[PDB]
Structure formats: C-alpha cells, structure tokens
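Based on the sequences and whatever the hints tell you, model everything.
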Amino acid sequence: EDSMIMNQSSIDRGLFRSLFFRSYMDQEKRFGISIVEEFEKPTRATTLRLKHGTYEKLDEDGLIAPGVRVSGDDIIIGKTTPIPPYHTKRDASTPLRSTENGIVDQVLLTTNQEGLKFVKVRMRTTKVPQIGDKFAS
Amino acid sequence: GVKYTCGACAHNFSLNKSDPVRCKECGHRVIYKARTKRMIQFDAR
Amino acid sequence: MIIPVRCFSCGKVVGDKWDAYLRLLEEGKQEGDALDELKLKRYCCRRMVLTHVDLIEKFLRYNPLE
Amino acid sequence: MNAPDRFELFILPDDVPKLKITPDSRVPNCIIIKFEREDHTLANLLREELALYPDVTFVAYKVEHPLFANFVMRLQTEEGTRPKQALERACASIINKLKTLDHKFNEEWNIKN
Amino acid sequence: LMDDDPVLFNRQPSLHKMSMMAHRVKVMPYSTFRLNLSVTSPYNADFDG
Amino acid sequence: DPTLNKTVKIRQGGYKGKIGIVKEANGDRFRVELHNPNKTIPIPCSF
Amino acid sequence: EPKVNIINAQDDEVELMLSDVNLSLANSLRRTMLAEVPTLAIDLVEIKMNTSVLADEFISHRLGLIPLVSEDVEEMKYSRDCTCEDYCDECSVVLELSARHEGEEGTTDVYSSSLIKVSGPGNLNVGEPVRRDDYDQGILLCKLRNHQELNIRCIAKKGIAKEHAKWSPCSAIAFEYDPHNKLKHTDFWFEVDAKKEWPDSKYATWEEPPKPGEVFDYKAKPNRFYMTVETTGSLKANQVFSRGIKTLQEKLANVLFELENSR
RNA sequence: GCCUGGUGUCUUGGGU
Ligand SMILES: [Zn+2]
Ligand SMILES: [Zn+2]
Ligand SMILES: [Zn+2]
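Each protein sequence line maps, in turn, to chains B, L, J, K, A, W and C.
Counting with the authors' numbering, you get residues 836 to 920, 931 to 982 for the letters of the first sequence.
So that you can map any letter, position 14 of the second sequence is 41 in the authors' numbering, and since no number is skipped, the others follow by simple counting.
So that you can map any letter, position 47 of the third sequence is 47 in the authors' numbering, and since no number is skipped, the others follow by simple counting.
So that you can map any letter, position 68 of the fourth sequence is 68 in the authors' numbering, and since no number is skipped, the others follow by simple counting.
So that you can map any letter, position 3 of the fifth sequence is 439 in the authors' numbering, and since no number is skipped, the others follow by simple counting.
So that you can map any letter, position 1 of the sixth sequence is 749 in the authors' numbering, and since no number is skipped, the others follow by simple counting.
So that you can map any letter, position 203 of the seventh sequence is 206 in the authors' numbering, and since no number is skipped, the others follow by simple counting.
The hints are simulated quantities; they were obtained by calculation from the structure and are not laboratory data.
Virtual Cβ for every residue (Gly too), placed ideally from N, Cα, C.
Watch out, some of these pointers could steer you wrong.
What follows is a list of derived Cβ distance ranges for each label pair [unchecked claim]:
#	chain 1	residue 1	chain 2	residue 2	range
1	J	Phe59	B	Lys972	15 to 25 Å
2	A	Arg447	W	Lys771	33 to 43 Å
3	B	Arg865	W	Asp776	45 to 55 Å
4	B	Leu850	J	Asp33	21 to 31 Å
5	K	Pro13	C	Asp203	50 to 60 Å
6	A	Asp482	W	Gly761	36 to 46 Å
Structure, rendered in structure tokens:
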C-alpha cells in the first residue's frame, strides 16, 4: 500500500540526509519617551512571570552564542518590559519551539529603521531519514 | 566582555551593550556574535 | 555539495577519485571510458561520480565572513 | 526521537539472559529456545545443520519482528535423544567445519602470495 | 499507556461507523502508528502520508 | 543541588566520553541532555 | 571436507570458489564479513575551530567515513568494556587535523593525508588513514579559501557494522552459484526463448552445461559457491576472510557455553 | 515551600 523499504546502510553513508535551518527574529519596542524594552539576561529577583525553561545559555548581552546546542523551551533571546505604576519588569523572552533541537549557527545584531536594537538567531539541525518520512519519484 | 565581528572588515572587538551598534573600524551596522568558548562534540554519524 | 566519501549503495570508497576524474576529461576521454580507467565497474559506483554536481566551487566565491 | 540505540542489537542487558529454554509440554520431548540479541546469521546456520541429523524430527525458527533483534527456535527430537544435547552436537560440528575451512584457506593463500 | 489497553482509533473523514474501531495497544519504537494491513480498507487508509 | 546546568563528561558506559548538560537532578538518576544525538538520557550518578 | 580454490587474489579483493558446504554456511559467511567483522573508525570529533563554508556536523560526518588501518584491532578492547576513567591508550586512537590557507588567491584542498596520529596503543599498527601509494593525497574532506581555518580533534573507536555502516570492512560481496540453473531454483522470464534472452554468468565456463537428454536430479544440492570479497583497505582481503570465520566461531562457542552452564 | 500566564482576527499557501 505504497510504502517502501529503505536500505539502512545507505542512510548511514548519507543518502537523502538534509540540513534544516530556522531563524528567529526579535526587536525592542517603544512604549514612551524613555520607556523601551531592553535585551539582558533577566534576574529572577527583579523580573516577574518568568518562563519555566533554563536561562543558563544566555551570555551577559542577552544573546546566546553560536555553537551552543539548544533544546525545546530553552530561552535564546532574553528581553524584558517594565511594568507601569522596585521589582518592575516583565519577561518578554523568546523560547525555542518545543518540538525542535539543534545548534545555534549565527547571530545577527543590528538596528532597525527606528533605531532600536534588532537581533536574528539562526538555528541549524540535521534531519536524517527515518520511518515515516516521505519520498517520491 | 563579549566578542563580536564586523560584517565588512572582520575586525574583532567587544561591546558592553550600552555602546551603539556599529563597527569601530568602518562604521558598518551589521555585526555578528563570535562563537562560544565551550568545546563542541559531534558523533560523526 | 562535495563528492561523497562512499558509494551509497555498495560502500566502495569513491571520495579519492574526483580529482583524477576531472583531469581525464581535460585529456578528451569520454565519461564512460574515464570511469572504466578508474576501475569503477558496478553501475552503483558509476552513478556517484558521473552524476555528482560540485556546488562547493560556487559557495567558496562568497568572500569569507571573518 | 523514538529511534532505539543501534548498539542494543548485540549488547545484552544485565537482567536479560542470552538464551532461554522452556518446554512445550503439549507434545513429548519438545523445547522452545529463545535467543536474545541474535539474527538470521546465527539462526539459519544452526537450522540447516540440525535438519540433516537423523534424530531431529522437527526444527524451525522465526524472527518475529525485525525491529527487535531476537528469534525463537523450536526443536523436537525422538524419544531416545534429549533436544538440548542434540543442539550441543550441532554446535560442535559447525565449529569443527569452520576450523577445517579456515585451515584450508590459509594453506591455499600462501601458495598464491 | 501499556500493552493490551484498548484505545479508539480514527481516520477523518468519518463516513461510516467502521471509521472508529477499538484496537489493542502494542508499544513499539519509531514514531509512526502501525496497523495490520487488513484494516486499511474500512478506514479507506493508505500509507502515502 | 550544586551541579545542575554545569557541563559534564561521562566516564563509564556506552556514552563514555560524551559532553552533556545536567537538565534535571532529582535524585541518584540524573537527566543529561547529551550534545551528540538529540536525546536526553536517564543516567546514574556514579557515571 | 570443505574445500577452497582461489581463482584470483590481490591486496584488496579475493575471488574464490567455496565448495562442499551447505548454502546456509556460505550465506552466513557473507553476512558475517559485512556486518560483524570489527574495524576501527572515527566516532567523536571535537571541533575547536571551523570557519569553512561546510557545516560542522557535515565535516564530522565525512570524517566518520574515512577508512583506518585496523590490522591489530583484535587485541584492542571496546570502549564499553574498559575499566578505565574516560578514554585512555587502551581503548581509543586520537587523531588531529589542522589546515589553513594563507594568501588572497587560490584554494587549499584539505585531504585525508593531513590526518596526524597523535597517540594510540603502541606499537600496534592501527589508526593511520589508508593510502594507496605514498604520493596519493587520499580522500577530499573540505576546501578552504583565504583566512578560512579548520582545526579538529578526532577520537577513533573500535566498532562493528551492526551499529553504523562506517565500521564495515567490506564493500560489495559478489556471490553466485549454479550458473546453468541445473537445480531449477529460478524459473526464467522470457518473451520468446529463455536461453537466448538471458546473459551468461561470468562463471559459465567453470561448469558444464546440462546435456539435452539429461533427467532432473531431484537429489542434487547446491555445492559450489563462487564469491569475491572486496575491501576498502581498512583490512586486507585475506584478513577479512580469516576473521569472518574466527568471529563466527566465537558466536557459536558462546551459544555452546550457555547451554552447559544453564543446567 | 507548595501554585505557576503568553493573543487574537483574518488572508494566503499547502497535506489526505
Ligand atoms: Zn569594520
Ligand atoms: Zn557503487
Ligand atoms: Zn581504555
């Protein structure tokens, strides 16, 4: 019924193996004259409603570095937003998609048209053919 | 503090986040984080 | 991307024969004969060299990012 | 994500016996031998050897599922012989034939050297 | 979930009552659902995706 | 516990010599997120 | 009673006829040589720097496929069976590679000949990447252009092909018997005439055709098995045939041990 | 020292 048997040794030598890339984008938003979000590694003492994942792969600039393996729900971009009227900020960080893993490949840092900070994190992993994957002549 | 790399002239330098986001050498506004200090292992499979 | 180390189907090493194959084509040999000289007799091994596409020469042209 | 470790094909867990013999009491003098962490490679070799012995009346095997490296063999012998002993005899015969076979290859090899 | 627990199995579109039958679980490696081949017909199932 | 999230090397068993990170350390049995295949394993503390 | 007649021979392939054995034994020998004859192969790659255009695990994947001299591998232990703390000199070989391109022009091709053995279980002849000649650069790994560098440390380990195909010592194993189909194990497809439409085996002249009158010998069994074992150079062809037999012996021996201990 | 919240409305492209 239209399935197929594949030679496992062929897969081992590299048949139909492929790279997969995903990019995440984030930027700081403006809410007032001097009220801006800020990239940082958020301290648990000063920021409320933190995510459940680990923050231990972020460097001090709020950005993860290339070469580090990441798994689902890990934070890779730390960002906070202040709470209007210490202990004043709220987490606005971006976790890796729960179903994925791989290696951080490259991190772009720049500014956008409005002058605030702007980052992109590209993650790469390798997908190896397995039972259930789809092929066609 | 954190190593970066200029997207145009490849000069390396650090920034302690409050500095403006540019290259000291050429003024290029696209920069990249340098790789982690940690060792990376792969199983070669 | 770059010549595979092994033939996918049978496992014979073919990653050391890529340079030898390009040189034989400059001397005017036909593709079938060039493969014959390299002793790639089974057609599983022949597909590997005959149909590979060398894209790495194109990727290197993009001026290094450090 | 759900692929099992490939080394599990040949590495035996500590709580798992390499070999398990149980009786088939429904007929006289019949055993079921379950082989753990083995293949057609071993199984087919033993099976044909056993079938040429005059006192083996039934021998068969099946690999129940290729995703699990095991197989189960069924062996029945006539009243005189004990099945488990007969299996030992089949083993020693093949070890001997391969020892001989290894020797004759070595001799022929030096002549062509 | 463990061996021989009953579960309800179902493929859309559920055009008639044999689109939903109870099967006995067998836990297995790899990430696809396995069906004995003779039940593909009532589900109008095949394995092309 | 003082060893969560710190990098670890495995010295016995089938995963001997591989890098990992302590993902969860409830008791005796650790959860190391291995680097090499995309899998997180249960492992004893002696290892 | 088993007999062998070697038709041809050289370093990396042996063609031979095998006779007076059972079909199952010829097949089990075929499978054992492909799957269970141990070899040595890279199994851990520590990348300290890779600024080439190839992805890290892509390069690492090619490294695993490089055939290494595995002649003395029988005295070496499996990593999973060694009593030591992390690795050591008894269960692994360490290899190192470092390449770089200086100059603004041209391309530096990184070849398998730049793999330098750094340690290893001396003085056993194991771990060198196989070479055809002495001026043969070997297998292409990567290519580098100006300022791009590759500096990696590789750990090679003993393994078998059941775990991953990179540990296989063979490539193809040609295998056939009964070139004139006297046993009638196949029923030939034909349009007009079966004999003219099917090509001859390359061993058709090593056995005599069936006579036009001859009745079917329902007692005849397969008895002559011609096979050619090609290798990748990780092991010499004579070693593979010998160690295939040896490995198959211990497996049967292990079964024999377990029966006399279970009582 | 237990609890533990991350959007919606569309549109478009796809799968059987
Ligand atoms: Zn610059
Ligand atoms: Zn081939
Ligand atoms: Zn050791």
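Can the suggested window of 15 to 25 Å be confirmed for the beta-carbon pair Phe59(J) and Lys972(B)? holds, 20 Å
Mind checking the hinted window 50 to 60 Å against the Cβ distance between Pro13(K) and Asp203(C)? For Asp203(C) against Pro13(K), whose Cβ atoms are near 51 Å apart, the range 50 to 60 Å holds.
Using the C-beta atoms of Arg447(A) and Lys771(W), is the stated range 33 to 43 Å upheld? holds, 37 Å
Given the range 21 to 31 Å, decide if the beta-carbon distance of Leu850(B) to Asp33(J) lies inside it. 28 Å Cβ-Cβ, so the 21 to 31 Å window holds.
For the hint 36 to 46 Å, verify it against the beta carbon of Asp482(A) and that of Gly761(W). holds, 43 Å
Between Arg865(B) and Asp776(W), does the C-beta distance stay in 45 to 55 Å? holds, 51 Å
No hint from the list above goes unmet by this structure.
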